[PDB]
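Undergrad: Listed here are the chains, written in short residue letters.
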Amino acid sequence: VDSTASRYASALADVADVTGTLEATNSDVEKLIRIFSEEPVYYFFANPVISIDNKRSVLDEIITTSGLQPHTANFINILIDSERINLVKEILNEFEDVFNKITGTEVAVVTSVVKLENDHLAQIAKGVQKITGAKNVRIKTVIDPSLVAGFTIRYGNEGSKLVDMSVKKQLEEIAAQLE
Amino acid sequence: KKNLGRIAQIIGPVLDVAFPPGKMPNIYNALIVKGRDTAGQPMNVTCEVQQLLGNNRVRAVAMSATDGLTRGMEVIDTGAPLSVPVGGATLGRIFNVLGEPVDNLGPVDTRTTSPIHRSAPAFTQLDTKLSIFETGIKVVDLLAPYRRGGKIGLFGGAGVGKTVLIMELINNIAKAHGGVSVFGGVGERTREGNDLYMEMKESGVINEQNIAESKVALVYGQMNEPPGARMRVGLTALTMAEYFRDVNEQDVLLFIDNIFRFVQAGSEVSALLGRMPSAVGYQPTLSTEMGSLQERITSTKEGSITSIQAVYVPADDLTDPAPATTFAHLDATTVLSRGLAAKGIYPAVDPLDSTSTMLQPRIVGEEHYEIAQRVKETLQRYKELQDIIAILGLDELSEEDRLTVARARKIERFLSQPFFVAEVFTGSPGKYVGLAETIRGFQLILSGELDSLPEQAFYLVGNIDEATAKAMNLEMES
Amino acid sequence: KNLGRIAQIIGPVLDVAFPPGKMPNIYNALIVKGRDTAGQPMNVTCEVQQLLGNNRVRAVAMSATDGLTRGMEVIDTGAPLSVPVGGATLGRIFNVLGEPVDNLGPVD
Amino acid sequence: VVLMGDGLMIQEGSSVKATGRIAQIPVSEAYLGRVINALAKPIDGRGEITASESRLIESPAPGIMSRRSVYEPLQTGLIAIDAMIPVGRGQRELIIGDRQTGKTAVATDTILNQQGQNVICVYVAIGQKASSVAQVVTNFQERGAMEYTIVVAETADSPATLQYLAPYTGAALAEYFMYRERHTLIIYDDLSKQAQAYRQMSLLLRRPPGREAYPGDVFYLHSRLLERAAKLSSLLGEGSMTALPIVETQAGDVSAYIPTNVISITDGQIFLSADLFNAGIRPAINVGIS
Amino acid sequence: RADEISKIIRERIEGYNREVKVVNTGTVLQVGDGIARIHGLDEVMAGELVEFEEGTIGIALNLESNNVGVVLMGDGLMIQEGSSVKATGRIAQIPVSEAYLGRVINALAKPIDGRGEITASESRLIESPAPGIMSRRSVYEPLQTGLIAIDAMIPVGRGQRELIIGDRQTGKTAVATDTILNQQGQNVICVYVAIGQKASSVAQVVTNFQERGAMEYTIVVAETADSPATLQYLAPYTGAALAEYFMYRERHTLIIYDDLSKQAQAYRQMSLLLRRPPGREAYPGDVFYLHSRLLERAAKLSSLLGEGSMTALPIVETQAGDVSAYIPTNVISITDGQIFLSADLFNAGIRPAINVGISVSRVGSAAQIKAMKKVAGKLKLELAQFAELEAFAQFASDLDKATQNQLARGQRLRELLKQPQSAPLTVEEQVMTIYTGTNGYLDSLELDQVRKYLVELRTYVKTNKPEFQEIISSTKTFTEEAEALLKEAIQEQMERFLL
Ligand SMILES: Nc1ncnc2c1ncn2[C@@H]1O[C@H](COP(=O)(O)OP(=O)(O)OP(=O)(O)O)[C@@H](O)[C@H]1O
Ligand SMILES: Nc1ncnc2c1ncn2[C@@H]1O[C@H](COP(=O)(O)OP(=O)(O)OP(=O)(O)O)[C@@H](O)[C@H]1O
Ligand SMILES: Nc1ncnc2c1ncn2[C@@H]1O[C@H](COP(=O)(O)OP(=O)(O)O)[C@@H](O)[C@H]1O
Ligand SMILES: [Mg+2]
Ligand SMILES: [Mg+2]
Ligand SMILES: [Mg+2]
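Residue numbers (PDB author numbering), protein chains in the order written: chain d, 71 to 249; chain D, 17 to 494; chain B, 18 to 125; chain E, 74 to 363; chain C, 5 to 503.
These are calculated hints, taken from the structure and not from any lab test.
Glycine included, each C-beta is placed from N, C-alpha and C at the ideal position.
It is possible that part of the hints are untrue.
To be verified - Pairs of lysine-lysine residues, derived as DSS-like cross-links and limited to a Cα-Cα distance of at most 25 Å, are as follows: (1) B/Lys50 to d/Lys185; (2) C/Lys11 to D/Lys50; (3) D/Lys486 to C/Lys25; (4) E/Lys114 to D/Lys317; (5) d/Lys171 to C/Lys11.
To be verified - Computed footprint of chain C on chain B, listed as stretches where at least three residues anywhere in the stretch have a Cβ under 8 Å from a Cβ of chain C: (6) 36-43; (7) 108-119.
Generate coordinates for the entire structure from the input sequences, incorporating the hints supplied.
TA: Written as structure tokens, this is what we have:
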């Protein structure tokens, strides 16, 4: 994808990569996402009517308490100057996808009816680094009851590639008995 | 301590100027860019605020060439709209759009200045007096008589005679006018403005000595000018006309050639302002831009402007929106024809498509009105017969339809007239034709007492007596 | 020597994304490394029509885009469509690509 | 926000209050004889209009049950209309022609004929030259036609929002008298100019345009305007509103977009042609098309 | 938008706490469709030339808030994305000097005739202002085209804009070329701009100038159809600024634009690729201002400036004679007259195919000399007679001697008007040809005899009685001494041409 939100996030990652603050910058970017969730905080930055000069002063105070990285504080200042603060949320989310690309890591999603153990997670991570080529592999879990018993993982560059065996047995048997 | 802008963008003649947040210029206020060139420092780039953009930024349209402007020059807000010198100091002088003298003379007395954006006169302050106005022209005095104190349009495409006919209405009228005439040149040949400036001096109107007794002010923004300049030429000439109406309380003549170029320039910069165009690529604000010029022209209970405008008609298409939005403002429209100018009949006025509010029996008289009807009933019937005589010819027409063809073929040539201004094309001298001569000259063709004369006897003669004297020589010479 | 990736396939029109420095100029031939119906390799030749900005060109294909996937590798040839010329072309029917479509062997 | 004035003094960043109301008009019996704005404020310079009630400028039309059949004549004095193309009370009859063919003079002679007919007349002049409107008011007031006539005038110096609302200012005045058991006649001098003012507003609002860059809802512009003209049933007091729209055409081109729309809305049309006009037939009713 | 490319953004993050001026150089964002957007150049002026790494020049015109739109003069087919640009400081100039005579040249005033570099010391602006209302005077000198049908009946003065308008293949280039060939004796510098034409067609014209010595006072500004649309849009402004270097240096100048029609379609190509809202026939709104920036620069200057002139002869092609078309009707409203070349006459062998009755000139009698005002006045009234007499000629079919003389006179008046291509006639020869044909000294000849008689008649007067040329070149008036001395040679040529 190449949209304005994606374009900005990619720049932010590239500067971190140059300066070797990829771990350090990523923590700050995660820290920002908590900040901009709040409807009141996001609204103040986003709306055109509030004066830009006031926005910087408030932003500086926010940066100090936060203790953000020197570029990360710039990056928000750049967004504010160039009017694209209305799409901060898209930009922040976009950065995570870019950050995985730079490391060479991959992300996976595995879902189950009941919570499961760590060795299963490590072996799914093994299989996903096999079929994907993660330099390293990463994993996430979301407990959903409306399946039968299985696990579904979800991976790829987007949340695209899906394999599972819980209810796909049953829906598959409906669609195979119509044959 | 005026607020100071910086230029953010330069897109053609349209500049976006960044202002401080406390102070913004109002719409239609003039901005002065500092300007810079190789030799010197010209502050002669005047702008005019069109749109407030947000983020403390306006959008302005330049009145000069923007070549040599840099992003980040200082811009001075004048705090008022574009002001123009008005009064007796403008008499005998050629002006820019900006109210600045072009004629290489002394600077104008700017004690009395006036903005080019004013509201129209109120509904209460109008006058409703319907006086007729004589021009000396047979198509004009008979079939579309002009409104003393009202808007008048000359319609036609390129090369049909709008400029030659408008120089006849200066020649016949503006010296006999008891007040000041104002010419506004909007998007025309700079050669044509040079000739008019010499025609005024040779006719004694702009006298070289004692120039303050001249009774003509000329305002020129011509073809070479940037499109922001050519929007505001007609408003500069109109502001100077409505000084003599309001303050000196004189009758004013306002010749504007061409008001189509006023529209066409407002269409070009409207593309640069980013607006969504209307039909045929025209600006969406067309009827409001056009009506802002024409509703300031109307006559008040103090004075009276009479405006004669040339309206260019693109591609001979009167259904084009810029000719079509002009028709609603005019008291008399004189549509010139190309099919008549291709024949060499001049002035090439279409006698049926040319209209007037004035041709009504309570205004023109009952003798004038019943013969302007009978000319138009004759030329309408011959208009309908030109599909029968286009293929079969004259030979299959009945006895009555041949007689209507014969009289209307003589009416069309007696509608033509030699002009004083056209004596350098043809060499034949022009003839002023009074309305008392015009009504009796068409009484004779419609009564049929001149049916024995040839049809070429009626071509390019002033009176009907000259049509009689020409009829002798065509019958005498063997 | 440049590898691009297909960014989008809209009709016969492709957008190909390149690395930031190595970049085709307009009218150069792009060779899209595609796959066929059955599963063999078959390549699609294109031509750069627009440089869209952000290291991305817009190409118009010389063949069918039916079965092209966003993200396949595209070879920048560095030159426009080069076509065989000579006396080897006489009596032969050619493609747009200079490929013989008259089933009489290759152009030697 | 589309402005009901020129926005010259309006400052970027300034405050703006919401009034709470939608588009009302002061309304009374005192509008008879007054030349007013699109805001119903008197522009003839004769004093303030004493008005107690209010109506909505965009008020809904009467329904199917609120009406009855058009059965009473509205005489125009033109034998070509009252014999072959008759207009009744409650009818919308379009007057369509070219420029300078007799459109206003048909419609003015209708209002002048209502001298002892006991109808209220409203003359709406959208986008028309102010010396032309002042000449119509002078012709009315000389005959004593201004004793029963309202003139609503928006000249072309006005912004496009007021020209757009001038027929709705006039029709809300007519519905004041239609609902108080009076019979009313309304003339809109130039519906085509209402649509061009509405084309300007919608193209500066950046709405997507259609044919001749008119918006898609320029048909619904005139339909909600003209369907207000109706004859009410005997339960609603049995008052009427006769609309006489005026639409100009371009050398008789009814293939044009706005005349094609308004012909389909009204209850009939009166075609005035320039060929019948120059050849002495006045009023130039082109009957076989009417 | 264009600036948010992620390299430009990335650079910004690194330098945020920093003052900077990138005013000197810039980075190409994209090249496509005749324009390039360039990040940087924070102190370019509007209309400034910018220079690229490949050598392509562009005029900086769209100076937006973060980027600059640069109109590429040439193909941008090599301009690599990310490459560096250079602010030249100069503002849309061509070098111009006396060394351009004899040279075939580009729209960038670069030599394309393969004859080496051209030395220049001064410059002139491409978008330079027209003369004002007081910097001019009336057009009074004649500019002689050598075509009898112009120089007698549609006469072009010095400083006049005259339109050469007609359909394709009707001799439009010929009327322009024969006008340039006639300026040999006069101190008139011709400039020939060929906009969007066949390179084979321009090479024939340049060779015809070399063959006839017209390329010692002629610059040829040549764009072809293979050339990009910006260079075809540019080249009339180049060729006008070459013609303004001599105008304001007191010289007289003649500029020819071949296809103003093809400049209008190249600027239409540019602005539809720029996604600009067009109008009639998809031409943009700046189409009138395109050609009126150009043709208002043609002017007879006043004596306070040195009395330079610039006769502009633009050439507009019509489609089946559609004078109501948008591009012919814009130029007719700019130009002082027009010369209609019609295709009914060209197909009938009536070359030069000049439609005399429809062709007008604004300075008619002011241009011509007193020999031409006296003699060609009877020519204009006879064709007013003969146009009506060709009507009802076959209807009547019983031609009496008040008509059958005046028709057979009028057929040989056309034989006066026929000239061969690339062979103009001098003013003495025009006033000698129009004198004999108007009086009826040709009436006993056949229609295949008038063309051969007058060639023997002008060669008689060059050789044997040169006192006729002495009167017209010095007095510039058709004198009674000149009229009698001509009639003596008419008698001798009738004695020779019979036997
Ligand atoms: N029955 C009639 N008899 C004589 N003249 C008439 C008649 N009807 C109209 N006219 C004349 O027609 C002329 C134009 O009339 P009017 O202005 O009403 O037409 P219009 O279509 O409204 O014109 P515009 O389009 O300019 O508004 C008037 O001057 C009037 O005198
Ligand atoms: N006066 C003339 N006498 C004889 N032949 C002529 C004359 N004028 C032109 N021709 C011939 O007519 C042909 C067309 O002329 P020319 O090419 O000058 O016109 P054009 O309208 O510019 O053509 P195009 O539009 O194709 O460029 C040429 O081949 C030329 O040889
Ligand atoms: N009354 C006239 N007599 C003779 N020729 C005329 C007359 N009026 C116009 N013309 C011819 O028409 C030509 C162009 O007319 P012009 O006034 O320039 O038209 P426009 O105003 O439409 O450009 C003039 O140069 C002239 O030759
Ligand atoms: Mg003109
Ligand atoms: Mg009317
Ligand atoms: Mg040619």
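Undergrad: Each of the hints needs a verdict: does it hold here or not?
TA: Here's how the hints hold up against the structure:
1. B/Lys50 to d/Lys185: Violated - the C-alpha atoms of d/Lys185 and B/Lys50 are around 44 Å apart, more than 25 Å.
2. C/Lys11 to D/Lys50: With Cα atoms ~35 Å apart, C/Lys11 and D/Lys50 exceed 25 Å; violated.
3. D/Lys486 to C/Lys25: Violated, at about 82 Å.
4. E/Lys114 to D/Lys317: holds, 23 Å
5. d/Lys171 to C/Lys11: holds, 18 Å
6. 36-43: holds (count 5)
7. 108-119: violated (count 0)
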